[PDB]
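The complex appears here without one of its protein chains, the remainder shown in place.
As written, the chains take the letters A, B and C, and residue 1 is the first residue of each chain.
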Amino acid sequence: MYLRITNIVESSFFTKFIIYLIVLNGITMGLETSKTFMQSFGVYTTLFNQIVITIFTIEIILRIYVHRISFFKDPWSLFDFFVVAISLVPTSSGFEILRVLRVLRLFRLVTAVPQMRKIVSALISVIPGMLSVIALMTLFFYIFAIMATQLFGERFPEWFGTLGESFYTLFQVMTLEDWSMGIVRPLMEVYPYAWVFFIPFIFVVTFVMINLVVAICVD
Amino acid sequence: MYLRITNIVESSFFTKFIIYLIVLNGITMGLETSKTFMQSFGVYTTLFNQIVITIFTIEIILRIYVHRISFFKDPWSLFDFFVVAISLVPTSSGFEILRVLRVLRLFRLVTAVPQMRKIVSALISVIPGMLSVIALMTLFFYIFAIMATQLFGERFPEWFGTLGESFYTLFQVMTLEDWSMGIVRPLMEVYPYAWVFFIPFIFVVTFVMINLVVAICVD
Amino acid sequence: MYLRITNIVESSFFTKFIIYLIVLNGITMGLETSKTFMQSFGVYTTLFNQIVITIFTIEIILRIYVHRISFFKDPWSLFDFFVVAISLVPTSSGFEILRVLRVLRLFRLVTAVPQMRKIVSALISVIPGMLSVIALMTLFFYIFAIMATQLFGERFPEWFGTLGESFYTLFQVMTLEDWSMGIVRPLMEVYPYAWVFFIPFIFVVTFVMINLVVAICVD
Partner (left out) sequence: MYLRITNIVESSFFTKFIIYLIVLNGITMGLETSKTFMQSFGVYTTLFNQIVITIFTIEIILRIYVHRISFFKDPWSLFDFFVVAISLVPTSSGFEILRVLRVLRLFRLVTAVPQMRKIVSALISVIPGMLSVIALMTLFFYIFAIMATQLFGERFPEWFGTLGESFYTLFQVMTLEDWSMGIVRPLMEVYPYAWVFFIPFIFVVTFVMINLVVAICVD
């Protein structure tokens, strides 16, 4: 019976039947957004949902017999596994993000279809040749975030009060979003020289970030 | 008479006459902006308009005899047809956008002058090599937009209350416009961890967008 | 005496003396900024100023005999001419920007020192390649500016009231600065569909702008 199912799984129908479900459940999840649609057809789509979740475990099970150990060393499969697992944890208990993380299954349209897979893979593969920079930056952020916490946190706790807050504000400055009117100008009303900490921080972080982009244009 | 008009139409004078009209109607449309100019010479400009709009249909009518099926297979020609058509819909009824959409005819200066055509074509040609990434993001936006509507839309309906609002707000975060002061910091007053949804969202969307530019920097 | 002066002007010492003056008149202008410094050395600086202006017209006159027609076909020389000329209009009559535009002469440090010239020339040379796009954009800006003035300027005259205002606001949207909180979110409280005019505008203008940069990254 092994080869019987291995012929069902690898079957074009089966794969295309999955893709067909994803695009339906996808459509169904955006409808679950509407408070109106739920008061009409809520019970409809809740069954339809639990239905699909079964079909996906059945599939992921069948998918496993056909592949065994090979499957738990496939990125895309592991994904599909973990994303279905999330959808299995009972519609209750613990944290309620689990009801919300369920929409991560629509990322299966990425897994279950090449070209998507291509592009994702194209994208991801650029990451390792960035990790040197990413390391440098994180160290940099870590250092300045500490300095900032101990230079502005006392008068400005909302923004620098805690190591994490400073991380956040520093990230915010790096995206240059409202950095001068929102932060440094206020800061300067008390710490006139605070510009000395933030202009350099901006030059460095943006310089590095430009390099990181030109890096991905020579690779 | 066929070859007679095919020598009128295809003539230098003809094209340069059309171009001469465009640049003239264009100037006329910037003048229709001034409430002053209209209280003076409004009658002048409304007739001038109907005049040019006639001339353009005559031309588009002529243009079709000389070309038949070749014409409704020319991007640029179809454009002019569609654009002139919009300008034909009476100055009344339906929506007023139609009255406003008329100014789209000034895009004929692109259609009816090479180099422009070249440049436009240069640009448009880059698009198909982006559709994979574009597909990817549109899926991504859709997934997060749904997630956001159900994580934040109750306490924050202006921004995430509806699927559409979430799309809009998410777009806004992507342009990095006022994302931290305007949205996340507020969100965090109630959902302390909301940062865990938006920072990753920003890395992903920024990263992708960097690649999409690096792609166009090789093709 | 022609070759006598042509050996004075073309002389190293002459150039290095001009340069030495620029950097001094430069420093002196940053000091004319201080309200304090003027109350102590204002006369010193106004005299020093009138002096240098003479020295520069002498130079520009000499430079002319040594070059004649060759001079008024040199960008860099013409610049120095026009710049010095500006500095010549008396400390009165007319507009008062003329008194302010005087500081444009510090751009002589660029004109009269190779290396700057090189880089400047390196920069300017990129512009011709961009004019097809720049034309395209300007046409586009002109078209949307007109649409905006007639779609939004009745309720929103600060931002779209006049063809020029719209230009400005549209420019602002293109720099993405505060475009959603500042403008479109407001517009939508009255024109729910305004998003349909601004999202496309943003895509197009940012797309083009990405091309334009990638263009320069090839020529």
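Assume contacts are C-beta pairs under 8 Å (C-beta built on N, C-alpha and C of every residue); 3 or more make two chains touch, one makes a residue touch a chain.
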Chains in view touching the one left out: A, C
Given A:107, A:168 or A:179, the one touching the chain that is not displayed: A:179
Identified contact with the non-displayed chain, of C:20, C:72, C:171 or C:193: C:171
Interface with the unshown chain - residue positions in chain A: 132-133, 135-136, 139, 142-143, 146-147, 149-151, 162-163, 176-181, 195, 199, 202, 207-208, 210-211, 213-214, 217-218
Hidden partner interface residues of chain C, rising order: 26, 29-30, 33-34, 97, 100, 103-104, 106-107, 109-110, 115-116, 118-120, 122-123, 126, 168, 171-172, 175-178, 182, 213, 216-217
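One rule holds for everything that comes next: only the chains that are shown with their structure count from here on.
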Path length in steps (a step moves to a chain that is touched) from chain B to chain C: 1
Angle (degrees, nearest 5) of the CA superposition of chain A onto chain B: 90
Chain whose Cα mean lies nearest the overall Cα mean: B
Shared interface positions of chain B, touching two or more other chains: 176-178, 217
